[PDB]
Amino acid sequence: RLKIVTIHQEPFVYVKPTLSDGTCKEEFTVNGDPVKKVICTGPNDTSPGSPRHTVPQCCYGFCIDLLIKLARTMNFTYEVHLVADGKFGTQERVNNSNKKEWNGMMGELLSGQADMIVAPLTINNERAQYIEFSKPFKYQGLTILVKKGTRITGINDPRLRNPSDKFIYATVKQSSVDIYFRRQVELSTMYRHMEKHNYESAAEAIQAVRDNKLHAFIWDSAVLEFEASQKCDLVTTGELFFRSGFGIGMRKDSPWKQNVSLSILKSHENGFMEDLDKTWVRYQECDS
């Protein structure tokens, strides 16, 4: 029985409380079919100062549908939890030593706290040195979320290249975004500005953009284009860098990998991923 680890990230993974009775609210998709919901245990409260608690919650979204398809196809049982530190996963020196460890879903996978990461997880070489990825289940990139009426030319935008406190930008801590900017020597000035303003989660950075507390949020286009398309006040701008995929994550040399990739290939071939897009990504006008 596989331990699935995932992370709150609309529209791939919604996270909601159970009802009083421990069930999940009965909901239907835009097409009228039941919304599939799985119990995921994890931290409910992340707001600093208040106690944390690991409780049963309700999970659904692109990635949860994808999990259910994988489980049925490949005939496995699972249980799902949210990553305890709330993070995607970067490699960082621990305990003020020279020893390095992965945080986030990365670290949980490596430690055996999870067996499979099922999430909008960016594929790259840094992470590929430690784990294995499926073939992409979704192709995407980096863009920028801003308030309507802002446009950014791209990575050479002066507001990015020559920063001031008049235009604040950030991303999420312990994401591959933060590391890419950390490592690229040509992006040092951007990194140094951002390290001061990064957020613990996407949700928080997004709220900051809406509340005019952050001017620009650098993040996954698959997420941000969904967010911008459902919030009339917010738009995307810029296509930074290169294109990138989301993959299932598994430990090196895992017996799962081949059949997971095969299952994702089928879903690219047969219209299932497109059906998921018509359910979770593009289906109505902005109303938030």
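Residue numbers count along the first chain shown, from 1. If you superpose the two forms and keep the largest set of C-alpha atoms that fall within 1.5 Å, you have the rigid core. Compared with the form solved in complex with the partner chain:
- Relative to the superposed core, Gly42 shifts its CA atom by less than 2 Å between the two forms.
- Relative to the superposed rigid core, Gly247 undergoes a CA displacement smaller than 2 Å between the two forms.
- Positional change of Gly32 between the two forms stays under 2 Å at the C-alpha, relative to the superposed core.
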Second form
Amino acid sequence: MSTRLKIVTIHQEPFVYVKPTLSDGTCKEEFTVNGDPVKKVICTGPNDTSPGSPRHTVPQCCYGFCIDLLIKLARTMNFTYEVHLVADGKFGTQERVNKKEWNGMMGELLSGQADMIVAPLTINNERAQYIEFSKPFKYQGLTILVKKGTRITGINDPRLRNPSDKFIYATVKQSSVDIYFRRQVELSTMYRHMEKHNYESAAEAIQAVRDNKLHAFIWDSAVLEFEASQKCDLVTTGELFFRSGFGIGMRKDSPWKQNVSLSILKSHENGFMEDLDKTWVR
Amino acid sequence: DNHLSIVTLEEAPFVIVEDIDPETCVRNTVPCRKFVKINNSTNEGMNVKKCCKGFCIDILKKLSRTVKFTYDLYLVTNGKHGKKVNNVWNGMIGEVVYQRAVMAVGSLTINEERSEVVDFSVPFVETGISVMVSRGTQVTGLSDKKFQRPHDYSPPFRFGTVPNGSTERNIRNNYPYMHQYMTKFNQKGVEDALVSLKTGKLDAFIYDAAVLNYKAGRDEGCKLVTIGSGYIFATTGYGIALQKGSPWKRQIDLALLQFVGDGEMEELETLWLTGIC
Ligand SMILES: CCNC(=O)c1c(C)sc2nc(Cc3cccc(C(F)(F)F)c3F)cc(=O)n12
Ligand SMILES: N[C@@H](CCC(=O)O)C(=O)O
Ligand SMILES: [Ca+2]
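Show the other one: the form solved in complex with the partner chain, since we just had the form solved without the partner chain.
Every chain and every other molecule in the complex is listed next, the one we just looked at coming first.
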């Protein structure tokens, strides 16, 4: 009987934190430094994160910048919803099967497994051909994460432009960064190295930089800078390249698209988005 | 139905208007007409052939080529960017609302109330509200108590904006005391405001982030600066305004996203917006 919107998200701190529920099935009552209670949602998702493995779905606790944004959107527009984490753990690329298919949250939204994507989902040309993106809720770019001590000028450093098996670098598989390094002819050499080392998740990659398994991680500045400020053993290097925004994703025939963008614009104008930025990102 | 009526407005470096060759539009310029009145006792006037260039004009050239349309570019004469008066829109927004233009190209800020009456493209220039001061002036930003509670200071801080645009609308909505206080310091335009900042008649000038960053970058002697590292309150962007339900939006959005991906936007930023300071 449920007419609730199905929301798909992904584990991606500081936008989406994913934690286990307590034994009673509720979310641990936590507070910000501002003394305000952290709003939390029950989000179902697979427990076994491993690829090509059976997915056992369990209720979990979701919170962060994107959850606070969802709550405001649902409040403003008066919609009911239920949250789940993308079964395959990916953002979403279109891959060759003659036929082509979308994976990640893109695939879930297009199949009908989701009615809206509320995550740090990059707005790019490839996705915009198939889905409606709201006006951006955040404008950021790409940067590089390294272990402290490593010296790199940025993307144009000889250790990246002239690859070798000595210095290993990567990004997340089936993500907008993966799309970008594959589309741009000028990044072909860089992509050929990366396609061999690319990680299943940003968290797996950040941990491998810490464990000296990966030397450089190319990812979203909004995520990398947050990680660098929290883990002082990791530092962001170089200047920002490929600037892009994050947007809410919907199917092209969604009746909510105009009011989702209007709500995002209202939130930028009244300081709500800056409040979220202060609570979670800076 | 490929030949489109397009409205623009002069605002350097986004749209720069020049006189025609004393016979046509040479170089990187495109023709733009401006309706000029014979006098103020009549509605009679004439179209004056001018030449247009700039960051937004280069975007229009790329879109025209990629999306495959031709156009008749004109400069708005009824207001500027867009203001709602008793539910009646003027400026570039008004021209689109009242279907005298298919699209508005320029330094046009995306905001919620304009989005209720027009469709905006994806943003293609990052902007919002910034504060220009003479180097050394101590203000944290738009939320500093000098702005929020001006009369707590002796003498009070003197600050203003150019009224009737998205900056004034935002301040009116968010900071009612600040807005009613600022109105005595309303500036006719950006050139008058900068001169008031230099002649010591103004302490701060609040305006569109993209235009202030450009003006700070070219300021003679680099005396005038934007607070913070060019901090932006009410972050937004410039977008192309199209009529609600426009068949042109899909392709324009796809073309603008394609331009960013290919580094073609970064080139325009290098060519038109960067400066000495
Ligand atoms: C064609 C894709 N556009 C871009 O990659 C892009 C620029 C190239 S400049 C710019 N500026 C913002 C700033 C911004 C931040 C938050 C919210 C908004 C808004 F809601 F107005 F759209 C913004 F425009 C967002 C943004 O995507 N771009
Ligand atoms: N870009 C603004 C004009 C300048 C401003 O008010 O800051 C607008 O579209 O209204
Ligand atoms: Ca779109």
